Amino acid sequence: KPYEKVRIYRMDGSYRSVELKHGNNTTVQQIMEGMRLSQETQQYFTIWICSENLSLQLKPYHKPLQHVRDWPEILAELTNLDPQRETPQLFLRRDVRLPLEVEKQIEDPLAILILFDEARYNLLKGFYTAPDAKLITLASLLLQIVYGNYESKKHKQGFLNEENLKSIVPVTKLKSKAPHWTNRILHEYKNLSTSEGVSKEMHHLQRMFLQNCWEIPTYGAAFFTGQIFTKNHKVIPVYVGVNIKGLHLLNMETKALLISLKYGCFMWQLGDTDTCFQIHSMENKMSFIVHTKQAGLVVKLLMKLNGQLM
């Protein structure tokens, strides 16, 4: 009769409860088996442990409930965060190792909706830098997906208010850019709806959204936290994004893209202190050091994802 279980969340706040057949010794691989996912759907995702200010992808052999238990110690090892305020949860998210070439052929509706939800989450949080036109296109697709077909009666005027805009553009653009995009967004939204060449099947629209995200530099990135000193060495807290394309630094406060480097165009070195790593950018003779107690994790991921590339 009795059994143990854990909630595995997704970025929309939904969750699935999974049986823990080996209690807190149950592994990530065992939990993934315990989901409602095909061997089709499973290979694209894995378990992450996430609190408000640190999200980490777990290995298949990790025991996630023990990482939850040990979160204060993990935070102390990897960060300088307030442990009390960080309560971690387990999430099903995109595997950072998933090659873009593999993702581009995905047809499975469930896999698509899971990737879509996660991409939308990143977009609205400001982690996707892109030109105004791309963001407008993404916003138009979100209107079609969330609201269905454009109807002049419902949408032409007094629809795209500041509350509504919050659900379709990055939070970083809401105040100064987005209010000037409404007519452009509405135009593309209307065009989607009235274009019979555009499939209105939900998974088709979600895949179109993903197709527009795939060329964004930070797409599919794992993010780490750190600091750089301006080259009077004023501190700039940063997000370090690592994905199958390369390395990306965002200003933590503004989410502004500070630099984006593709694999094969830069080198890295773990600092001998282990509190930082150095990056050397090519056809540039330019260098910088990122300070972070996640330096070891960053360099190991860079090695892995660079190693994957043919």
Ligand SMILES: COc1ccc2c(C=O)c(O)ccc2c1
Given for the second form:
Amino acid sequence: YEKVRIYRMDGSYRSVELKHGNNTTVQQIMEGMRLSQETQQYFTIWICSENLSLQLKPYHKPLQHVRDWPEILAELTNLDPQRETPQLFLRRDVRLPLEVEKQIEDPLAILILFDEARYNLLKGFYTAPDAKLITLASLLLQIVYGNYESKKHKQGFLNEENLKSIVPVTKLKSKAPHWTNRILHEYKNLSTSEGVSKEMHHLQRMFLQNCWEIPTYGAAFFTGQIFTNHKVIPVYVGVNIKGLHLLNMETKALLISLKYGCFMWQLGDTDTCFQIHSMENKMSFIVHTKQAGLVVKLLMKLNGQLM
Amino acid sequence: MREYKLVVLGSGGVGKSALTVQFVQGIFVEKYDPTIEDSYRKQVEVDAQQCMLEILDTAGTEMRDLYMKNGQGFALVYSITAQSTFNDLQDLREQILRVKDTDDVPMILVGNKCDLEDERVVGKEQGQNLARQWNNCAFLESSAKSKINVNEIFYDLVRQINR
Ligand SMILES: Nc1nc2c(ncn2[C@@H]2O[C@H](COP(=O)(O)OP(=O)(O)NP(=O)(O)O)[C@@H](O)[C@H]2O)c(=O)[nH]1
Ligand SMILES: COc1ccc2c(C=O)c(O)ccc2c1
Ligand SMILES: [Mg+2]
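Since the one above is the form deposited without the ligand, can you give the form deposited with the ligand bound too?
Everything in the complex follows now, all chains and molecules, and the chain you saw is the first one.
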């Protein structure tokens, strides 16, 4: 047979037989996984290399996208096709409504969503007040290290080594060192709290509940540029079920965050930029990116979904 | 944090996947999905140290040489329910010694499904008997279902690797 690895964000993978070789669809691949329908509905196959991530649709044939990757890179980006070999990943469906995600009870679905959420957090893609980030850190301590112990954890435990697995990388230096006391405190509080279930999926679900309020939660990220004496600022464009978010690409600083119904978009005729008009404001800005068309299609779709 | 490449081996149906998924995910896999090849990652604490386990979950009915070359520790899983699964383990052990070209390979014999005490074909004593024949090997009776001796399998391999 032919087979492929479907990765997850934590670096794990599952091999899946390709019944129909490179003609196998996402649909057939999703079936080849060990997920029920109480799992499969939340997730789909993505194709990603270091500088381009795409969600594929059920009818897509992923191995054909792997094949055609240099043309896809050239169409959608300005990158160096030599450095990117894509792989396939199982990830959250960008279309998944938050309301639906809140329904989820399945332990496997929870940990998959959790792993992906954790990945985004540690990479700096989630912008949130220090309080929220500290909570999230305490939950990962519980999740990864188990119950707090005065002996093991009280002092000289959270060095940069340990801190790195629980706080956004963008904060590891400037803010995180100051946090270590308050993380331990909330960690301890979690451990001794008998009102907080220590069941893995319960703790993971809590982590997620904290992520659900972050504006970029579950965002697909595209890249482009804005111009501010005109200075180029490379950006991540984050589109999720909530709206649109710009991150400074270098710092992952949150530049703007707009909810659907509070902004309008216009695709450049050239298909290489889009304009955002931020109503309840005199604010507008233009993003240059060869992903402009995907971005706008996705905006329309996720806006279209709200009722 | 040191990385530990662990490999779970044994014949079809023994519970290689069930043990792995229980250990990593805390879930018990009910359905029987013959594995092609899965890899899992899990951070754990063995002897006061943080370890990153990469656990390869292999096909029973099946690149074997590659796994053995690459792996640092091997869980050799049989089902106490099925005699041939026990019988098959001699060859795997000897193959690993061949490929690694050494007697000193971190390794554990694991008798799985110790919750089906009823349907038990293979005895605990034959289990322990096999392990001593194997240079005073480690031995565990396990249940993916009941969560008995699940973690110990993996921790034991870390310890052995660290020795
Ligand atoms: N009662 C009980 N059933 C178990 C246990 N471990 C596995 N099973 C059951 O045995 C069946 C096969 O287990 P599985 O993990 O798929 O075996 P495997 O060794 O991974 N098989 P393969 O080699 O094909 O990949 C499943 O129905 C599973 O639930 C156990 O400890 N107790
Ligand atoms: C994350 O990448 C993408 C790229 C394009 C789309 C798309 C448009 O075709 C769509 O309808 C839904 C999700 C998408 C995700
Ligand atoms: Mg298996």
